[PDB]
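There is one chain below, alone, in structure tokens, taken in the form solved without flavin mononucleotide (FMN).
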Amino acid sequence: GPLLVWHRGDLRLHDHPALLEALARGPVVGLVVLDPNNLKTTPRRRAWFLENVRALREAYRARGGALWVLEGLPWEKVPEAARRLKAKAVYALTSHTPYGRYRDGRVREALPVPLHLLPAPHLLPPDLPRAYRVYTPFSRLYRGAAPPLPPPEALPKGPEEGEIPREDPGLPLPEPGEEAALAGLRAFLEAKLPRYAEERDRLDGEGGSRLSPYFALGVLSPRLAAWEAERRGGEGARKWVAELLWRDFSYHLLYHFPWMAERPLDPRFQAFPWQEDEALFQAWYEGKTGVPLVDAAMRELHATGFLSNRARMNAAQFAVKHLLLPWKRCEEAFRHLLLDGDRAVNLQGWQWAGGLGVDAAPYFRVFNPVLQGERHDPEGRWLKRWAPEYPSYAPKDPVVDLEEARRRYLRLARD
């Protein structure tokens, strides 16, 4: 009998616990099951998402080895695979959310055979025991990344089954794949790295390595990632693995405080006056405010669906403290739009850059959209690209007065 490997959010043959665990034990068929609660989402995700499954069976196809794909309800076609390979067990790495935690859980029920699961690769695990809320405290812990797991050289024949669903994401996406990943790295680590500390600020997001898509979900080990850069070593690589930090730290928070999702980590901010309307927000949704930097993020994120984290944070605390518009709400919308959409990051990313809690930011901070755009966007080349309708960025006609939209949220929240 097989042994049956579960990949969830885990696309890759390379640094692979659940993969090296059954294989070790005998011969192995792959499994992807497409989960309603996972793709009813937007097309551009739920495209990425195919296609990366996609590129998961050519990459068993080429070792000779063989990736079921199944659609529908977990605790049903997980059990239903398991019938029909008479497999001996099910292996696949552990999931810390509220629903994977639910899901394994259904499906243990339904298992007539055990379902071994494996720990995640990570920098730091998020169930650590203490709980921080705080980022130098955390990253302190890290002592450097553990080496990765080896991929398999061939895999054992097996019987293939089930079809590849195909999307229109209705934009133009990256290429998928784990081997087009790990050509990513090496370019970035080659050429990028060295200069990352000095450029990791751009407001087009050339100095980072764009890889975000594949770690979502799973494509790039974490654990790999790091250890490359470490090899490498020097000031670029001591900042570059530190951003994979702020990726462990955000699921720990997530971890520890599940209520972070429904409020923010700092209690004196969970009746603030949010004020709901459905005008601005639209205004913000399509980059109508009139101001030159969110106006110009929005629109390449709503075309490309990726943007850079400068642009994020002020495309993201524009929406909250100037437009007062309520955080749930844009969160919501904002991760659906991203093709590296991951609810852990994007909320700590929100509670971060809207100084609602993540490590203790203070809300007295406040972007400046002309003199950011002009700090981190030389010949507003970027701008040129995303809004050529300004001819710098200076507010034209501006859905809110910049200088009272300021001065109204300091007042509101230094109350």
Contents of the next structure:
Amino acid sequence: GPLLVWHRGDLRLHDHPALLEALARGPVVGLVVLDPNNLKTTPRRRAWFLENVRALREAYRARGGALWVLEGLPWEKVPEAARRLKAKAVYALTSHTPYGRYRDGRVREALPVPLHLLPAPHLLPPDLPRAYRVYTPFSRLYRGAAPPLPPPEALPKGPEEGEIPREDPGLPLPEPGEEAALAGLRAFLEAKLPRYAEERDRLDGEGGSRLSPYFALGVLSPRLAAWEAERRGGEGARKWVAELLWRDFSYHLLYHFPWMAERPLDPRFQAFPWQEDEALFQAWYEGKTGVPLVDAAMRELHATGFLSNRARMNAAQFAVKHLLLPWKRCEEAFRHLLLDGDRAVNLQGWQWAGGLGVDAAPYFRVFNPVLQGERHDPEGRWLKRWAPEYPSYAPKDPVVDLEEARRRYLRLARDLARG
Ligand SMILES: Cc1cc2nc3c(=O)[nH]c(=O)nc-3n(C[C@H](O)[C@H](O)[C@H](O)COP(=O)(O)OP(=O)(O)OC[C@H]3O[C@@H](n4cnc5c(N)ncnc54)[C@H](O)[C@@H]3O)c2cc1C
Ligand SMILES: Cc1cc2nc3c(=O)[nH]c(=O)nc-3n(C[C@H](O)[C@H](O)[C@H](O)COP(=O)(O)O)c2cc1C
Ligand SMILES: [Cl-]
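In place of the form solved without flavin mononucleotide (FMN), output the structure of the form deposited with flavin mononucleotide (FMN) bound.
After this comes the whole thing, all chains and molecules, with the earlier chain placed first.
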């Protein structure tokens, strides 16, 4: 009987510990389960996942191999596939998330054959004994990527079952699949890496790799990416790998501090008097704040499903600090709009930008939204693409008074954080 390789957020054949572990023991059949716990989300994100499952199937077929795709609860469908295939055992990459642990425990209960979970490739794993709140001490544990595992060359024949629905994303998707991902990585490392340190804070995000949507679904291994960048080397190289490490730091943080999905990491801010306000929330959410940078950022996000780091930190902080909007609502709304939307990473970014205790970033740093545009969109080209409404970064009729908002936040904040 075959071994089942169950792909979850790891829609690739390269650097895939579970796939090779299984192949070394016998013939394999792969499986994806379309799980409503993950797929009951926005069309853009469902489609991005589905189209990558479709690409993974194409990759299996091109190698002569068989990828099943079933729809439903994993603890019903994984056992179903095991029974139908007469599988000897199921292999998958460990998941340390509360849902991943819940689901995998339930699957192990329902399976009458072993479930073998292998460590997912990381630069640093999320479940180290020690709990860092600060990126620098965490980052020093990393000493360069281990080598990635090869993809299989050809795959053993097996039966294929199951359909992959076609859904409307509502917008243009990147090219799905690991072949497009690896091409994009190779091009970034050639063209852009040298100036990455100098260009990564552009509001247009064009100094970066734009590989997040692949990372978020495991279509590209972070180990492979760090490994390739380190073989390329140069100055941008250390700095770009540092950013891959912020991804791992985000998993580390949600792992050691799970409660941060409920409340600020900094207990000093847990009683901050946020102001619910529907009209205000909608103005932010729809990019109608009258603040050029924020409005351009939120309008690109709706239209495209992507935003540069520098745009994200400005859009997110603005809601929290200038508008005082409850962070949980905004956080979630923001994730639902992102192709690369990744709960742990988005939470990290929000708690960092909002000054809620990640990396002990200080409350007093408040983005001046006009300086930020002047400094990170030099000739206004990015503003002109995304809200040509506005002839400069000067607020035209802002939903709040901006200097008062700044004064009010800092007052409030410098007043919880002391005492
Ligand atoms: C409020 C906020 C919310 C965010 N939400 C998400 C999210 O849901 N999903 C997501 O993938 N990223 C999120 N980011 C992190 C980061 O902005 C994006 O990963 C980045 O813009 C991706 O662009 P890139 O692929 O060109 O990155 P590059 O600059 O080329 O970096 C390479 C890779 O490193 C990782 N990375 C880069 N910056 C960060 C960072 N600040 N934190 C963690 N990992 C990083 C990503 O995997 C990225 O693709 C968020 C950031 C903020 C400030
Ligand atoms: C938009 C999106 C859709 C996803 N859909 C699935 C899916 O249907 N099946 C699955 O096994 N993994 C899916 N994943 C990867 C999972 O999130 C993965 O199961 C992970 O190991 C545990 O889920 P979690 O992120 O909620 O903790 C999806 C990821 C994202 C970002
Ligand atoms: Cl085991």
